[PDB]
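Next comes just one chain, in structure tokens: the form deposited without the named molecule.
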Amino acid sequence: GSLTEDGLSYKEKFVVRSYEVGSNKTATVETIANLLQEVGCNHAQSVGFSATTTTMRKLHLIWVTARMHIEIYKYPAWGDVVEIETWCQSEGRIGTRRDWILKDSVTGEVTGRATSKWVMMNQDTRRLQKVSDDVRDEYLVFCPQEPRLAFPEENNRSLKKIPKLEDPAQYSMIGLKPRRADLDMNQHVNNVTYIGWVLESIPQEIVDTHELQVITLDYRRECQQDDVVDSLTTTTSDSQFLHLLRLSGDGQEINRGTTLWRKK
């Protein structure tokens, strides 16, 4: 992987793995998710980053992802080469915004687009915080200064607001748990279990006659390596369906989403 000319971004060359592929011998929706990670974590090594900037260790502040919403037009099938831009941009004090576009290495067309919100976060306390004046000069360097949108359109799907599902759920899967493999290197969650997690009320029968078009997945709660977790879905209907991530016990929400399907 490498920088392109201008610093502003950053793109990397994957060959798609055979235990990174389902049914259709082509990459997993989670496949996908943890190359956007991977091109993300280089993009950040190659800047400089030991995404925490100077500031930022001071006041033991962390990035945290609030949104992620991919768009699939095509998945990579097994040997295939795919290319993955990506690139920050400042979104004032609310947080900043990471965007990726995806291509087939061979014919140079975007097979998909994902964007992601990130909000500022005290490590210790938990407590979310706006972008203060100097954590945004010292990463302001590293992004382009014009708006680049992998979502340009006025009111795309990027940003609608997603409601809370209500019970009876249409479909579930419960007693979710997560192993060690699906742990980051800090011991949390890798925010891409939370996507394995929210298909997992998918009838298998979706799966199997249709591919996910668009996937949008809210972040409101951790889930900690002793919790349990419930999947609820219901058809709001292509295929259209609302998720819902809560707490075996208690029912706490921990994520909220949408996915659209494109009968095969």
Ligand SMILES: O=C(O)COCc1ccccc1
The other form holds:
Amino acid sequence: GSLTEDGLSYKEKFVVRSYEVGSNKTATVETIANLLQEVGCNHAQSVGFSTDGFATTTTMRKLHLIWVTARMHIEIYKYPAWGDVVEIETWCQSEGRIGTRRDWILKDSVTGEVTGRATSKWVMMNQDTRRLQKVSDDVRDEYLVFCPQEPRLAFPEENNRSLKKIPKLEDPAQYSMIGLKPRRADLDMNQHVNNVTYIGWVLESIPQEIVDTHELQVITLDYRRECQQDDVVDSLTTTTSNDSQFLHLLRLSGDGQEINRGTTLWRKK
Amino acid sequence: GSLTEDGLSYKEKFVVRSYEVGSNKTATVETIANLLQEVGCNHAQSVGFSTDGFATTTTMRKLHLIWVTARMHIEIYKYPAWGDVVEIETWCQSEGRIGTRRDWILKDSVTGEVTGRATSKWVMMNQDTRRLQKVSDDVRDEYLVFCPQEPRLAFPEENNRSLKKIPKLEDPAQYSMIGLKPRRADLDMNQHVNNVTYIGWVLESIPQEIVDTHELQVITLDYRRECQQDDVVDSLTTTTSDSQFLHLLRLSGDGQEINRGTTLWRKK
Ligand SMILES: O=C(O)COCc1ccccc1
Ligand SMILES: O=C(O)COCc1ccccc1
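Show the form deposited with the named molecule bound, please, the one above being the form deposited without the named molecule.
Everything in the complex follows now, all chains and molecules, and the chain you saw is the first one.
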């Protein structure tokens, strides 16, 4: 991959692998999500961020601050097939003191058409106490030089689905998958559960018949709390709606503490 | 990737990704195993095999026969770091009417040194009845033209660890991880559990302290039966010794064996 001419965005091409695809021979939403995080990491490396484990500026490292994902929004129009080349362009934007945003645009390398788009909201947090905090001027000045100053949105639209408030699913759930546990392959280089694993867990409670007859077009996921390596998760889903919509909830198996809430929109194959 | 000059082997380069590494910032053995299967798939595509879902010759497709993994053996000397380029060379060989073998050699693209090697034994089977069959002459003649005829071994050595008989672990196990279930990400394009998931399950019963202080040098795994999408697995491990372990995966309820294996770890 490489930074674009102005050094304000980053592009990378990927060839879809045999184990990265589902029954339709096209990349799963989890493969897409992994590719988005990889291109984000390569963008941080290309602009001087160290390979320490967490992308931090000088002030962030000094104050033990890290960026953490609070919400992820992905919309796919066409999933790349096994062997196809997908091109991903990514960039970051300061959201004042609230936090920061990373956006992505997915394209078919052969036709040049937009096949998907994504956006993620990051909030600043102390690594040790897990307490959120506003972005300081010292931190903002340090990373602002790597961002476009004028607004550049992947989801420009006025009443778009990336800014909708997600309600908490009420018991009883229509569908559920219980006893979900992370294995070592679900952990990242920092021994934390990878954000993409939560997407997989959310999708585990969607009945197989919906998966076999529909394509996932939109997924919105809020991250409230982390699943530790020794935690067990219950995945809950209720249909809210040729389109099917679902409301999702991940919670700890025992006490029922919420870890994630989300929504999915599927269209008929 | 591309076939080599003689068209009898295939090479491909991979850049190690951020999510593909463990806490040492080097590729996990599961990432390596995924890369080996990917380069195997690209080799089958480059020699005329269709993208149907199972690599089959004309007579295999007619008789509903598929190759299935019976044994996988991987030895790693150095794991590639995040951002490093690993080069993998792969080839197949006829093992008479017993089956087929796929071998791999892993190299550091920058230094050119061998950083790992792997071998897998495949057996032919009817995809519907699940019954193993010997390799017929019609099938042999069809794929022999894509293999070196003289022996070419990734593990040539006599008395090497890739041909050792693995015993069945006896209860009680020293360590265990119970209630393991596959999710949709563990399935392949044919809706079967990916072979690499079994490697992950085997490793789940290795205590974390061994993982934190040792590096996995060798893993030998036998595949006896598949775990279905609605099955639950128990992973069992006992130290037999460098640290050596004997492994067993079995169905959570009836205790039917799905895999047995061994691992050898080196002190960091
Ligand atoms: O996406 C990540 O993993 C980290 O990106 C940090 C960054 C990169 C470029 C510009 C601002 C911030
Ligand atoms: O590794 C696979 O997935 C299938 O490879 C089949 C093959 C490829 C080349 C030569 C003989 C057989």
